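Undergrad: Single-letter residue listing:
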Amino acid sequence: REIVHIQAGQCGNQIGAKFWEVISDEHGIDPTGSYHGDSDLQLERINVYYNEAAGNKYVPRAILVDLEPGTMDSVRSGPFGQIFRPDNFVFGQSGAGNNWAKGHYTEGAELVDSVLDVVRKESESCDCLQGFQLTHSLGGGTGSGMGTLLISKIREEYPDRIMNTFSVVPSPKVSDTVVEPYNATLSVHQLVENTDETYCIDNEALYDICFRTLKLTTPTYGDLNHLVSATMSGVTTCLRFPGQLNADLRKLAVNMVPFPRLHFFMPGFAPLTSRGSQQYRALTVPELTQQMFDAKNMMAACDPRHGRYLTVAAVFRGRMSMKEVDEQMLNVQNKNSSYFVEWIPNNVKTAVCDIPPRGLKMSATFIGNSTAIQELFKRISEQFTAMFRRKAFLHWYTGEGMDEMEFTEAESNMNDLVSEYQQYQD
Amino acid sequence: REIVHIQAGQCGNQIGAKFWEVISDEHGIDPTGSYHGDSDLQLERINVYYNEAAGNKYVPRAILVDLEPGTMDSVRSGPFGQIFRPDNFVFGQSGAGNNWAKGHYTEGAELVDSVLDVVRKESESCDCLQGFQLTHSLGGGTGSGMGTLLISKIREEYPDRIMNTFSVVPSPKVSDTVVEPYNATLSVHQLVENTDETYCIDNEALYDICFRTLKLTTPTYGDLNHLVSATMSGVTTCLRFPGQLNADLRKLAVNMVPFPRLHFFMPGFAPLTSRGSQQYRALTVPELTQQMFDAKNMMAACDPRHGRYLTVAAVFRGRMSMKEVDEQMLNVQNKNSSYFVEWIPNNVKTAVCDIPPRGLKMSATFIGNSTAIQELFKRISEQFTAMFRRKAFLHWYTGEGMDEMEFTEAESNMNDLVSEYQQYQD
Amino acid sequence: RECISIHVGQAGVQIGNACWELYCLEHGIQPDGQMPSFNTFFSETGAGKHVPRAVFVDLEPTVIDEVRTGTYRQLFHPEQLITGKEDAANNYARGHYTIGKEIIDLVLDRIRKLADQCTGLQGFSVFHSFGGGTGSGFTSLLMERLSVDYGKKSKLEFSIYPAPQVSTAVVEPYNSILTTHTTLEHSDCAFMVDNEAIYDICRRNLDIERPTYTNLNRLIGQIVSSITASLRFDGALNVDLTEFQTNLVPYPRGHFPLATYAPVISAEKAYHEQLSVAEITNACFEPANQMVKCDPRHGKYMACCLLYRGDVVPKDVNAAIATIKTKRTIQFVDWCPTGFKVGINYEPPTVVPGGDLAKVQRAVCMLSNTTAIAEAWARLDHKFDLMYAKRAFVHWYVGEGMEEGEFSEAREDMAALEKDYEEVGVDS
Amino acid sequence: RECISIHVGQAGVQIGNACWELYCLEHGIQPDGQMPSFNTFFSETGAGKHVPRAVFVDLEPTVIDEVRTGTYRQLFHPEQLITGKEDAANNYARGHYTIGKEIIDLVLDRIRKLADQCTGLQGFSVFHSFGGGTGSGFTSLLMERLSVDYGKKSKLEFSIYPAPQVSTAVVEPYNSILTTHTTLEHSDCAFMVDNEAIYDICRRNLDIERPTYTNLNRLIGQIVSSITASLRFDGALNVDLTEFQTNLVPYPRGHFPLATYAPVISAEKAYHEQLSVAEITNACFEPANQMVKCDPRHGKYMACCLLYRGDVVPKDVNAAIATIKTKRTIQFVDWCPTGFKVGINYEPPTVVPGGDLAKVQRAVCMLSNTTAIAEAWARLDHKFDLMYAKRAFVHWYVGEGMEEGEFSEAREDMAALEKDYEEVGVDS
Ligand SMILES: Nc1nc2c(ncn2[C@@H]2O[C@H](COP(=O)(O)OP(=O)(O)OP(=O)(O)O)[C@@H](O)[C@H]2O)c(=O)[nH]1
Ligand SMILES: Nc1nc2c(ncn2[C@@H]2O[C@H](COP(=O)(O)OP(=O)(O)OP(=O)(O)O)[C@@H](O)[C@H]2O)c(=O)[nH]1
Ligand SMILES: Nc1nc2c(ncn2[C@@H]2O[C@H](COP(=O)(O)OP(=O)(O)O)[C@@H](O)[C@H]2O)c(=O)[nH]1
Ligand SMILES: Nc1nc2c(ncn2[C@@H]2O[C@H](COP(=O)(O)OP(=O)(O)O)[C@@H](O)[C@H]2O)c(=O)[nH]1
Ligand SMILES: [Mg+2]
Ligand SMILES: [Mg+2]
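Those protein sequence lines, which keep their order, are chains A, B, C and D.
To convert, note that position 424 of the first sequence is 425 in the UniProt record's numbering; the numbers rise steadily by one, no gaps.
To convert, note that position 195 of the second sequence is 196 in the UniProt record's numbering; the numbers rise steadily by one, no gaps.
Using the UniProt record's numbering, the letters of the third sequence map in sequence onto residues 2 to 38, 49 to 439.
Using the UniProt record's numbering, the letters of the fourth sequence map in sequence onto residues 2 to 38, 49 to 439.
Chain A on its own, in the form it takes in the complex:
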């Protein structure tokens, strides 16, 4: 029944800053820590993410990890940085510098032991864990590097808990680190087989949505990470709150994974349009389904109609009829039958929660597992190869002891995921 969340890397720490904000919004918990809500449900299932400390203080069940105090400090300095206890800030001193080898292989490795100890302390604080969630970037040093290391140890300690992670996937246009594909390649090599599932977030796609449908001209990462948190929070609240359908994360995982190795997801979100049009929108189930199916409302820079859909999850929040939902999902399946895989009859699955997100009447979360995902892997693998041949920045990595044959195997493994998507693309 409970979940532990660990954030890492500057990305992960800033995403989590919005995530937790939202969760407390959902439950009426003040930036200082106490509960000042107003709904029974708000406290009722609070346990999944909060420990109530003496005084009616709620402690977010999460660990903030970094290798630079300053980022942690900036998190702590805002509202909701006060709700986190000092003991959840685990950090070192001297960066990682966006270096996998430092993060995973060497220096960051050193910190992980202290992180894990706190993890253990929290695992004991829970009655019964459902699972763990981690937030991070695929091409980052602590985000992926150190984060991955941690994951391999947590999974080891808890094989029976859900291990998932959401991660920022290097967008085709904006890479920061020259070896960002290298770090990503290494994380695939480690993560894929050490996780139950991973979500693919593309900032470029997010920037398109924010202007494309939301028509906004000023977003920052906090605004885009709001959208990210909308999908993350969407998933777990249902599990928390009363609904109609089947509201268990593990069951979601079961329904979305047809094969042990292909567990990559494309998140999307509805409704998600500018205020101008809000006066011209109608709120129906087909309306949400139109926004959910549309590739432009995906947060991943993929194109599901290019690939084939293996699995689709449609999560609904708010009062909807069962009939309408059933029929519209069927219609989707029918009309987009050319994209769905024939091996899975009725490949579109649903989940229904009766609690709407604060401020909306209804909402829906799109989760997909298509073959289209392989295109991201292909882009990375290719870029990787070029760098691999030149050893760009690999003296930094090999200087910290990372061996090229390990990287070679990592490359293969990327190619293996692509070939397996092809194996089920048919």
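Rather than coming from a laboratory, the hints here were simulated on the basis of the structure.
Hints may contain errors.
What the hints assert, rightly or not - Derived CB-CB ranges, DEER-like:
(1) 262(B) <-> 158(A): 56 to 64 Å
(2) 79(A) <-> 74(B): 47 to 55 Å
(3) 161(A) <-> 306(B): 19 to 27 Å
(4) 304(B) <-> 125(A): 13 to 21 Å
(5) 259(B) <-> 262(A): 37 to 45 Å
(6) 161(A) <-> 421(B): 42 to 50 Å
(7) 252(B) <-> 161(A): 26 to 34 Å
(8) 158(A) <-> 158(B): 56 to 64 Å
(9) 125(A) <-> 131(C): 25 to 33 Å
(10) 127(C) <-> 154(B): 47 to 55 Å
(11) 247(B) <-> 31(A): 39 to 47 Å
(12) 58(C) <-> 79(A): 45 to 53 Å
Ideal Cβ placement from N, Cα and C applies to all residues, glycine included.
Use these hints to put chains B, C and D with the ligands onto chain A, whose structure you have.
TA: Chains B, C and D with the ligands in isolation, oriented as in the chain A frame:
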């Protein structure tokens, strides 16, 4: 039913300064000597530590001993130095200088006769003694040197009373006297077989706790000795006050000593965390047990999970259910079964008092007897040997007549305790 | 999270003067150290005075005396101000060996003292010039020791690139060739700028036809602050110095990223013109703002790092990157994908009161490693060769114990370096 | 709880002048003895005047007259001020024997008078110099008597260590060799400092290139006060003088702990710099603050005692110790575990008004016994040897009744002492 306490050495005198302060806090006794409390219990069992002198004055049943008036004076100068009667200040003139030989063997020996006379006067003042307690340092001249001498004579006079002592054990990093291990070695040689039990306090560990969990950056010895007094006062109050379990010091001693020679203890204490987190803490029995088991909350620089646990005492203060306590202790035994010794079924014993420490809702004192203790002896013995071969400062000691063969036997005896811990470590 | 600045030689110190002045401007630090308010660079006293963690070395009293008599004399600790009596004479042979080697032990002990004051030494950086006696001579001597003691700390060097047309030091080629030999092998990364190129920037973007070094170093200071003050301050993407090294150095040789900085605009030029992030970065890929006289279009890129100040939205940056990747003529080496480091600080760009640059609301610094650098070495190759073939001025080194073979060797090491650039240019 | 200071010779007395001045500064004692407020050193009169329990001996009227005409002439009791008419002439033969032996009985009776004034004599300490006639000659004479009468009391000696380079006394080796012979065997512990080393401290840490003895003795006074005033004052760890002996003397030979003191900082150097306990103790293990010119890195440590003033938290001390034990290059002799005495007084460090040292909030004194001391003896060995081989100046001793065999013997005793250091150096 009553206890006499004797403090010696600069350490012992300053620890006692906090100890007695706390005891008077517990009973509402003013720094000047009169009772101004407000609870029936506060006076009810006051007899164990105070004599009520005419005028509703309470005299702490303790003797302050030193060989330098100035330390005694500084004690006397503060609050609660006025509650002690002049007759409890027994001191000479000219130090000891942290020299066992002076303390025990020669000069300090001279003072002991006057100390003992006062002891006798107090033993008569009591109705029925339960025992005696002494506070001192293991590597100090008057603390251990003179103090030990006194102990051997008190035990002689009262074989049937409890003889225990709490002592500062030389921390691995901060020794003051070059021959501090020598003094300690000699005190083992004398103390172990002339005491019912001794507690092992490491200042280094204490400094870690104060920053580690208490997050404090200014402690002094008075703040650390506060923690010491918390454990000392924890033990005797239960004996004093109404509870549920079995509240007798001798019974504690019986339950904690499986073998005539292995009576060394590792004190620990809960709850013991910074104020920040106090808004995020929950107060339950498992909460206290988590803090009690955790080696970092031990006041001894040992590691109980390295060794094996022979005996564990869990003392609780405040209202708790019997069930909860029983179950959590069982759980501890179960989950940490790999550290407990198989010869003792249900090796974790409890004691329960219904009076909480002033200001807290609940608290717990951890007392353990592990094999891990032997590691401290090993460190000392080794250091000793090196010094022994060189006779460092032994001209001071041999100059005062201490013979090297006595020291040789002392070395053996240290090694004997280690071998006996090995004999029951299995 | 701490670092040490090292200022060797006039160039190193006078640039440092601008640098520490700027850091004072960044926080409102008074000349006496009183700061009412960046402890990564500074060490605090009980008076609230902060000491810049830096070492000033000059083997001639004069420049340090200039510091000692200026306003910042109260700021600097007397032990930070280290001076000898005699000079290197433009000559590695004395700078590294005969003269500078005598004082270096003191210097190192002051460094070590500061290293002990550091709690989390991230690393350090050394300011000097490729041609001078202490500027390059002594400098490499220092690296020889620092790389032992601080082997795992950042070893970033900043040096003035010898102007191809004007140089006051006739044996500068010889000095620089010797430094190559010894710095390549010890340092982690060396950055450089060309005062001639800078003059062109001053006259074209600032519209100033009278630049002095005190102007030139303000501009350098801007660049340095972007990577020193603002990298310790808050941002979206807080990039560390070790991260810089980890994101800028691709090979174990050295590498030599060159600086480019845009905005460099006079107050009047700022009027009537609106810069965006993208527009500023467009300027960053123009030869015109290249701080070293070396043509960006000649070579191929290997590394590139863009660091942002003030009003920068990643959204815009992303778009800008897309266009520089695809619109420009920037050729790049195969080895590299375009993973360009983006540092994004919220910390606004700062301007020196009484300076030449306009107040800007956003700013971008660019570091880049291009294959065109081999041409810079080619320049040195021939200049060295000419002198060495005639053996002009050789007695000024030989008399201090230098070997002719050594000089040949050093040239050859440079040739090898050029060959490695050749290698990188070959795409693969 | 009382003690006696003994000042023999100019060096002893002039140092004493600084010492008693400092004790007056410690409590606000007026020159006339009026104190408005440390009776371990002082004896009280009904007027509230306190008399420093000390004896001043000079065989030449002049220095004592200097006392007698200064401000502290009212402080000292006329009987404490003992003077002869003629000097020892740099010569043990007269100092210990021919001349000083005549007055010593008086001197002893004044000492005994004070011993009778003491109620709990803890002990005493003697201030002198290893090279002079009364400084070392008379001094050992005194020890010969004091060790009988006060055999169980502290016999701590403090002496100026003969500078290897400058000495005004040509027969100083001879004097010092004779003292070795007679002091080793009688005294409990002798401490020493090198005025040359001190000059280096004055010029490097105080930045003073003009030290006089009146400066030099202020610094000595600091060290002495740490162990004399502050050890009687309150602290956490109140350490006595007997405790000092019991914690510093490892063998029945002598031993000779050397002084080191950090902080020694000029006012300007104190600005902009924050010392911690740990930082001060770091300075204490630096050769640079070593008060004797003898290299700490050469020998091995046997003893070490650290005494703390003012704002010292044991917590910090513990951490500091951990690092000096493990971080440093301090080699130590097997025999010894690192039980270094920590004295921790709350009593703050004090500064002489108009002095050179900066007001500090905390301070650390270090005593240490290192094997490098044998080199100091080696210095004496050859200096003695040279003179003795030629028999230069020998008639100045022979004419007073000295024996040549005796001188050889004394050298041999020194050689034996060196051999024992050799022994200790051999680890075992
Ligand atoms: N940007 C900049 N370049 C400078 C400055 N001062 C000198 N330079 C350049 O650095 C080189 C001069 O080095 P010098 O001043 O001769 O020598 P040094 O390196 O200080 O050391 P010595 O030769 O021993 O005096 C020339 O190429 C100058 O153009 C300055 O303040 N700013
Ligand atoms: N630190 C310090 N050293 C001093 C002082 N006065 C003298 N000395 C040193 O002590 C030695 C001088 O001893 P003298 O003054 O010649 O003689 P004395 O020991 O007073 O006795 P006589 O030879 O009989 O006059 C030299 O090594 C001086 O450097 C002083 O005030 N302070
Ligand atoms: N959505 C999103 N992406 C971020 C944020 N911060 C950094 N990123 C992305 O993360 C990558 C850089 O890795 P970074 O987080 O700096 O690595 P690390 O900090 O060394 O672990 C780039 O692709 C950025 O676009 C953020 O707050 N939100
Ligand atoms: N916890 C604690 N330890 C102390 C105190 N005072 C001295 N110590 C310790 O005692 C040892 C020194 O012995 P000391 O008490 O001076 O001996 P004595 O005074 O000659 O009997 C060192 O290990 C100190 O850390 C104190 O007030 N509290
Ligand atoms: Mg110059
Ligand atoms: Mg004289």
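Undergrad: So, for every hint listed, does it hold in this structure?
TA: Hint by hint, here is what the structure shows:
no.	hint	result
1	262(B) <-> 158(A): 56 to 64 Å	violated (40 Å)
2	79(A) <-> 74(B): 47 to 55 Å	holds (54 Å)
3	161(A) <-> 306(B): 19 to 27 Å	holds (25 Å)
4	304(B) <-> 125(A): 13 to 21 Å	holds (19 Å)
5	259(B) <-> 262(A): 37 to 45 Å	violated (56 Å)
6	161(A) <-> 421(B): 42 to 50 Å	holds (43 Å)
7	252(B) <-> 161(A): 26 to 34 Å	violated (44 Å)
8	158(A) <-> 158(B): 56 to 64 Å	holds (57 Å)
9	125(A) <-> 131(C): 25 to 33 Å	holds (32 Å)
10	127(C) <-> 154(B): 47 to 55 Å	holds (52 Å)
11	247(B) <-> 31(A): 39 to 47 Å	holds (46 Å)
12	58(C) <-> 79(A): 45 to 53 Å	violated (32 Å)
When the structure is compared with the earlier hints, violations turn up for hints 1, 5, 7 and 12 and for no others.
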